[PDB]
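J.: Using the sequences and the accompanying hints, generate a full structural model.
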Amino acid sequence: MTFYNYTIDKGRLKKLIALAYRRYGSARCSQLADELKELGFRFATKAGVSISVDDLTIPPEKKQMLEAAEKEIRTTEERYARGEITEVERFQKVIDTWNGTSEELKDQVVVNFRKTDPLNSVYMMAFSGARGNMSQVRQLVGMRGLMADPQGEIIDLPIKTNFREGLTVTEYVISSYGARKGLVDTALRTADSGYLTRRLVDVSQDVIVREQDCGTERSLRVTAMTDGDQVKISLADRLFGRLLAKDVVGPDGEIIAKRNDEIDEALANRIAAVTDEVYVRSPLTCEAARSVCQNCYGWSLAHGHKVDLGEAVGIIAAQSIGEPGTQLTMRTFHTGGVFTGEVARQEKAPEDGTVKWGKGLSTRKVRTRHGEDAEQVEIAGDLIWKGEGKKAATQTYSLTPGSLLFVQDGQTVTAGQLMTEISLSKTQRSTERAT
Amino acid sequence: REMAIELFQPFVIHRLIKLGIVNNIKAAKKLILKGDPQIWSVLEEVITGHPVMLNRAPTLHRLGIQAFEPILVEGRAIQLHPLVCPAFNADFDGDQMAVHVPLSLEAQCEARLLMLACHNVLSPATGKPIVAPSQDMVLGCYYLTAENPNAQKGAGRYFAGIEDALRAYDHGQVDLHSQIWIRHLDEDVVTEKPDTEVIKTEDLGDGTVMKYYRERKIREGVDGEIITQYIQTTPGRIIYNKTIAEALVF
Amino acid sequence: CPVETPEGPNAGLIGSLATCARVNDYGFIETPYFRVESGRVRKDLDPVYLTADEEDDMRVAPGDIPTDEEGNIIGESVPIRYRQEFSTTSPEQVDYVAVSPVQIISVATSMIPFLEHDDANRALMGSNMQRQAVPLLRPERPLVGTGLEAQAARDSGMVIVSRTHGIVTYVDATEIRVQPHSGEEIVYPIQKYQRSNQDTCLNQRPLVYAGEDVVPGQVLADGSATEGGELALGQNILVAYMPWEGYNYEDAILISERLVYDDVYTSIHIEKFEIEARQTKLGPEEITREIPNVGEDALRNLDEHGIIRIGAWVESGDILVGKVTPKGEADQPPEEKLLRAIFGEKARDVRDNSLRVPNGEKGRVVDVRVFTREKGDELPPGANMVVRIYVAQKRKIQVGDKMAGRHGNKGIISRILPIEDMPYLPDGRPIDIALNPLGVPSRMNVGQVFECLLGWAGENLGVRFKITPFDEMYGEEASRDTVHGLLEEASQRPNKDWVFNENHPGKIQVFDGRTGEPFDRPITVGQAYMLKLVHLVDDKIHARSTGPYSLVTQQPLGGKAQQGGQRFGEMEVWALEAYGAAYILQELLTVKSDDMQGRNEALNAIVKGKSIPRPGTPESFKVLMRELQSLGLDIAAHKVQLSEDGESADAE
Amino acid sequence: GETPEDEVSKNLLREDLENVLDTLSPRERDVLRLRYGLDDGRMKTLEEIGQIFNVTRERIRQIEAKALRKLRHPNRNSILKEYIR
Amino acid sequence: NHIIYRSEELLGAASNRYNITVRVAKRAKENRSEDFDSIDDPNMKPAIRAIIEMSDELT
Amino acid sequence: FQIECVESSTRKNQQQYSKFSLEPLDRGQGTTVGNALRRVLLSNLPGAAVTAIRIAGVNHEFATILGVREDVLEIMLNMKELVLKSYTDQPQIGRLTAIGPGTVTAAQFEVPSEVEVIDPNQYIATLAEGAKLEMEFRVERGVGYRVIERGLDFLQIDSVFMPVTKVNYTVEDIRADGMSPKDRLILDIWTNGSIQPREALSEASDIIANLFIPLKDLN
Amino acid sequence: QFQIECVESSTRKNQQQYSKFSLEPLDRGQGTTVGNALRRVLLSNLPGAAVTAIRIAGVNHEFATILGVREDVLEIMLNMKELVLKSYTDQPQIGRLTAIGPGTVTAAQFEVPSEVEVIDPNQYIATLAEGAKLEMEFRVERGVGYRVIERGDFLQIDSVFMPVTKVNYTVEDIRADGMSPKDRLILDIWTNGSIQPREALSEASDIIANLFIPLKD
Amino acid sequence: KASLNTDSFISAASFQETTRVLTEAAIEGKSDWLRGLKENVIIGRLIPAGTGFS
RNA sequence: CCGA
Ligand SMILES: Nc1ccn([C@@H]2O[C@H](COP(=O)(O)OP(=O)(O)OP(=O)(O)O)[C@@H](O)[C@H]2O)c(=O)n1
Ligand SMILES: [Mg+2]
Ligand SMILES: [Mg+2]
Ligand SMILES: [Zn+2]
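Protein chains in written order, with the authors' numbering: chain A, 1 to 435; chain B, 377 to 626; chain C, 413 to 594, 602 to 1071; chain D, 341 to 425; chain E, 10 to 68; chain F, 4 to 154, 165 to 232; chain G, 3 to 154, 162 to 226; chain H, 1171 to 1224.
Just so you know, the hints here were simulated from the structure itself, not pulled from any lab data. Each residue gets a CB set at the ideal place from its N, CA and C atoms; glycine is no exception.
What the simulated footprint calls covered on chain B by chain E, stretch by stretch (three residues with Cβ under 8 Å from a Cβ of chain E suffice, anywhere in the stretch; the number is not a length):
#	stretch
1	481–487
2	492–502
Pair ranges (Cβ atoms, derived):
#	chain 1	residue 1	chain 2	residue 2	range
3	H	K1171	A	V222	27 to 33 Å
4	G	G187	C	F1040	51 to 57 Å
5	B	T424	C	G988	29 to 35 Å
T.: Set out below in structure tokens:
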């Protein structure tokens, strides 16, 4: 059998359990999880893993990181007093500055854990997936950053201390704002979650699998869900429990799978390694009398085979949609009361040089949310960093349509200048109009 | 136990009359409330094979009601298995669970074949397993299979398979994270950042090539055979794989 | 206080007054502030008590700013609040400063040491659990406190405070006598084993002896959750932050048997039972010793009037007050008529209505006070006599009880181990309790490790520290430096050098009790202050076979006090429908609730060992049909069979 | 109302009562059944048993007296003696 | 631990997971009605015996 | 292989400390002997304790006596901590007559011949000027911790029967030009005074020997 | 005071014995004591026999290849370390081997003296080709513990004296009519095939009893 | 809106807006043929899904 | 009002 000559964490244990539920069944899988349970309990007791005050190790670059952050806030407010920027982009600049410094300090905490002490207790608890995210380890070691109002408004002040050093009275009041956010939202939005669940149950309480096949030719086109240049759900994950409606052919011409063929993960990988657009059978395109058939629904995900006649799939669908919103609403208070934001990716030059003028690109100067004038790309073209290397110093950045440029046509680049940045998505920014 | 005499009371009353101990419901109820050592053996042989549904509120999805086979514990709390705890979203800091007893035979056959907790591994929302190690078994398996440069006793020694290294660990010869060469002729070996390229090659006599990898050492024949193979691993990884192998193949 | 608030639906509605706050004559809340003149905190006279006159006018600084003694405010930037905005100014522009760093928080939140190293939600949970601790048998002061415990014990009212100078002349367990000197004997009564609103003990103990001087304000007697004149809610026990064999898995708790046999966490709970001998139309109810269908030795503890005596032991089902009432219908079925034709069996005119102990609730009877109208009392109307019975019980610690600290770290005891199986220290002393270390960094309550290390330093020194919150005003890493310096000074004792290791500071070596082998990694040990909460398993366990039913719906009742059933709500119906399980759902809705013929048939089929028959229409559906007909809607059920429609009768 | 426990106890008492009464002579069994309403649902007097039969009510009282004396035997009648409350 | 193996192999080889449950319940009712005499054993309930017999006829 | 007592210091009677040395043993055998001795010395040694109390004029445990500073619960807790030694395996009866004022200690107990009090300066109660405390207790023998049964006028005590209070041991190594090296076991035994540490060591030793002899004999 | 029961006794075809033992009734906590002491003495202090030095005629050094045999000298030492045998002499014994190919070499081709004895006769050693013949001599020793040879006349190999390969124990609680909580010790012993699991229990019990008897004075 | 525009007045009345649904059902004179999970739970029958399907 |  397979030997697994590596370190085991939570996701690899989940992979092993999911593999044992392919060729053995439910009971052998539960027996394997039972044996792994008693083995993990025995060696966690034998280890004697413990948490202490000195076990929380703060990286020694936090001082200069905070100093660079306050120097950036100082030059931002110096730019505000001169008169070339306005107040809303100053707000946006100071908020994004403190968020970026918090994320940079979190990455430095993870690197300093990996360098000095790899068998640290807090790092073992967070890295193996036993208990704890990296947000809580960032709040314990690093800085807390910014909190949030109970309505979702953003506060103005930073918290430059962690829980090991101890907060001040002002920082404790600022943290109490976010604690009141978590408590009020836990007490007040679970009604919204449960009302949505009850409405979803009542809209689909009569969707039962009544017949084996409806005999339709209509199909649903499935592509990989992408928001920008990086994927969110791949094609192999999206073809997981479906039946086929059209035959998948390769470039050589051999048929990978026929129609009405159930797809599993192996066949889904074999299909997704060939094409990009697959036509499947869906409940959207089923033709049955106010219900779904056995072939258009596909697999029972709890069991791993095709569904059975008389299954209340509408109740299962409504519970599947209504469970995570209610659970996440009731466990929002685990994160303290901090603000979570998505930092837009920046691609910088490693050393001095200039920039290759992109071929096949027109661009317009568009006023950034932070105040600097930048040129936004219209049609996507390449960018290449022109380094000052006599042998090999060259990096190429292919742009997303909608990125921003802080670089002119052939201008000389300093040591460490800002080069490019793609703006956020619509849902990933989560902004709304105000005054 | 005091919860179980109340929930299974007519089944105990039926058994006390079938065994010829009492003759009616009044004597059975009197002997049940008065306390007897006969009642506990009767209840032990009554609850055997009778499934019991457990429920924790809020019931957000299907796995909030699951069926179990009860065993009589002494005390007043209900003992829950630690693997079904993410399915209930239940921790042991104040949660209470309701208990329901099916009465009919169709209702006991449905609790056993459709709702028993050893058949509810996969989620119904995704295809991913709900029943999986968490929060101490994950940390115990991470510590068991990790690398540790400090604990190196008997490092670099050669052992004749898995059972030889397992005997050396229980004898006290090696540490848990010692770098250990293991004679292992199988080729289903998966490592972190898996290597298939040869680093170096030392030629031996009789037409025999000694191929070196990052975590493997393969000695093969000249034309059409492989002779032996050594794998560098820790004893804790050997314990983990022996646990998997004796759990699966049975 | 921004921390102390309910967690339920009334979050942010019910607040708490802060520590130094005060309500003026017009009803507005005011807070004291020290004046600041030329950058120097004044502290010469009483403070100002600004009644929210400090937003538009004054620049107010918190009470945690660094300041050299008898001198100015050090630093060139002082954090101020001004016009409801936070800002920073120079010390010569500061108008007022706070008087205490704990001015922002309430009393129960000020009870928590190292508060600035914990999350605010965990501070809220710590305050809430501190208000839920039971008073123990032998209370003990914390090794690490904050300093408000003495004032809280003085202002609670559970402490007998002296008033005059004098010499104590007589002390026993019920009375303290003192002659004053500066109508010459002040008698302080001491209450003994009274009942609170939550069925807990209110007991007082004397502290002073005969023949010593007493200052006004000296504590003479201390209450139930008070010892030494200070608040004492829990005990100091030896922790080890380590995982056991899955017994402290997800906030569960492993403890030893020493906390059982040493009477640690033993509490007293007094229950109260009341019975009224009412007046019925068929005759008066009488409280008597002659009860039908009751044996010989079920009346040993009753007196000549049918009431128990003081000091009798009672268990579940024992008779407290024997009472009968004159039933007068006498409608007997033929079975009872034939059985009384055969075996004699003269049916009496009264029936049993005695007061009995509920399921569980064993204990000792301590007060059997009886109220009768012709004794001088006057009663509720329609009742002849009223008997009140107080039953006290000593509850030890148990598997299933709730346990908590001051930092929001709750847990349920799941295993009680022997001390030869508990892990032990390199002096041979076993550990009292093992807590799971994974509950610390995810919940972000780091101050419990500071508290346990400081309590263990104070245990090895014997000094009983007191540290006010927000102590980082005196320097950077002040709590860490204080804890490790006191651990070093405790390790400099001539016999105790295993206490602190400089290679790994907060940790030492721990050995296994079962094998003798040391654990592979050093473990944080300490002395934590743990609490026992009101949520005990005896008040939580409940079960029903068949009890009473509701009036109209004819469904089982709800509640522990009336032997009620569990509610199988709509989400449970959805969960059973998402499975198969049509027969489980059908028997849960018909033969277990509001189908009376199905109830009787199912019970008879289970008792006689036969198949349970098919149920009928439930009772609440017929109630809905009659209600919709009474609204004026012609709603009816119909049945089609061989080209024929006919209205069916659901009432049958 | 009446509990299901009381219903099942009186039904088992009725079944055990009929199974005990049908062991004695067939005449006295139906005399005791028509006397207390175990089949009719109507308790009757001594004379109306004499109109069910034609022998008058003095033999009927002696019949039910000796039937109660036979059912009051200490041997082979203690199955019904456990329902004594 | 063999009864959960027999239940898994009985559910996996059935054409419908909801019809095999009704068939097991019907055979368990027949096993309980045929064994109405008191000579039995508590470790072999009628439902367990029905699952055992149906898995043995399944092979 | 010889035992040897190194240091044996004592308190008044409250603690009897002793340090015993064991050499030579094999490598793991020191840990086996030490852990078996520690578990048996902490769990399976019998001693004497007070199991019941009767006070004249007192019916329940939540009462008071006029002139006594302590109630019945604190008196029962003080008698729970009493250190005695019983030479018989039968339940004995002790008595007490006390007239205030003064401090009532354990020296005032009129005890029979088989039961003798270890610590006579142990505190019981304080009596005022017009007080009279006349009580009577029961002394039994047991192993471990005794939980009370279901409940004339005897107030029961959940007594503890452990005379050895703390066991500690370390194992040291002997390294020379003396191959196949050996180990040295040093053992620290603290008692309450009712048993000596040498007698407790002999009791644990033949308890372990009687455990392991029929495994060798009956195989 | 307790009764010892042999619950099951299995023997695999490669001469490896397994026997489950049950001990009841013990007092509270004594089952862990007896089980841990028995496990430590059964795994650490129990004398067995092994091979210590081999000598193959026709090798260069300690790490080389042997002419005609597929298995080189490292897996020759690794196959000889797996050789299960029993001896009755404290003095050294010398075993010899001659064999000629083609075919496989088993443990039955040793003409070892009668003071030693081979447990598994069909124990694999080597394979041969084209009529090449192998000559070697090994040295049998008995003792306790293990010897590790640094850096790899007679060629000293790694030695393990371990007649019992695995000991597991679980403790079960006994609740009865009396108030005394009791213990039941369930013991599992896996031996090499040289001795029985029932007699290896008696050896460890004899060692523990001789350890604890002179302390009682 | 799709929950209230179903063919069954019992499910729509038990969900939401009972007065309006019962008024339009009484004026339209409509029948409920008991086709769905929610009606058979109120009636007390086997639900037409799962083991009560056929 | 509190607990999950
Ligand atoms: N108003 C509420 C509050 C709580 N819950 C349930 O109770 C659980 C509360 O868990 P609890 O143990 O109180 O808190 P945790 O989330 O475990 O966090 P912590 O460990 O910090 O207490 C939640 O998952 C939720 O399902 C709920 O349904 N409704
Ligand atoms: Mg919880
Ligand atoms: Mg929790
Ligand atoms: Zn379809």
